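Shown below, as structure tokens, is a lone chain in the form deposited in one PDB entry; questions about how it binds or moves come after it.
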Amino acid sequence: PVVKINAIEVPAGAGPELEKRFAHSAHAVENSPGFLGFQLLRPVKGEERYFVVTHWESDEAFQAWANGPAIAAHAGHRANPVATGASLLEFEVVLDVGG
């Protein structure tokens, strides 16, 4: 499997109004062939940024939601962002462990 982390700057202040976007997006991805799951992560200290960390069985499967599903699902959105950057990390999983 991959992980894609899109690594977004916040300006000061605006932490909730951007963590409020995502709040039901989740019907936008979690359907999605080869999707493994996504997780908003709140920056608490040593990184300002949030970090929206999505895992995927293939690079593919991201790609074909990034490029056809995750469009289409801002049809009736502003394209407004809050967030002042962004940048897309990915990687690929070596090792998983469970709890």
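Residue numbers count along the first chain shown, from 1. Note that the rigid core is defined as the largest set of C-alphas that superpose within 1.5 Å between two forms. First, how it differs from the form deposited in another entry.
- After superposing the rigid core, the C-alpha of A28 moves by 2 Å or more between the two forms.
- After superposing the rigid core, the Cα of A12 is displaced by less than 2 Å between the two forms.
- Once you line up the core between the two forms, the Cα of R42 stays within less than 2 Å of where it was.
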Second form
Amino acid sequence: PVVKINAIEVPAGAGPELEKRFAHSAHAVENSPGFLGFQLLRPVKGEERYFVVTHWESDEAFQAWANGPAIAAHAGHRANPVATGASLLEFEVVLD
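What does the same protein look like in the form deposited in another entry, given that the last one was the form deposited in one PDB entry?
Shown below: the chain alone.
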């Protein structure tokens, strides 16, 4: 499988907000094909960015999400966004 990590940047004190958005909004992509579920990681030390860690059977699994329903997902939340940045770190799973 592959892993996509998204380092999301959130101004101070808006992590609860960004958190309520994964909960009280649309945490729904677990029926995307090849999706193996994600973790949302709140930073405590070494870090100030939220990490979204997602596993997938393949990269084509990932691209089905990104290049399909993601471009149009969560329009309102992205029209009024709480995040101020992101980076997509992309890996191959070599051990477990």
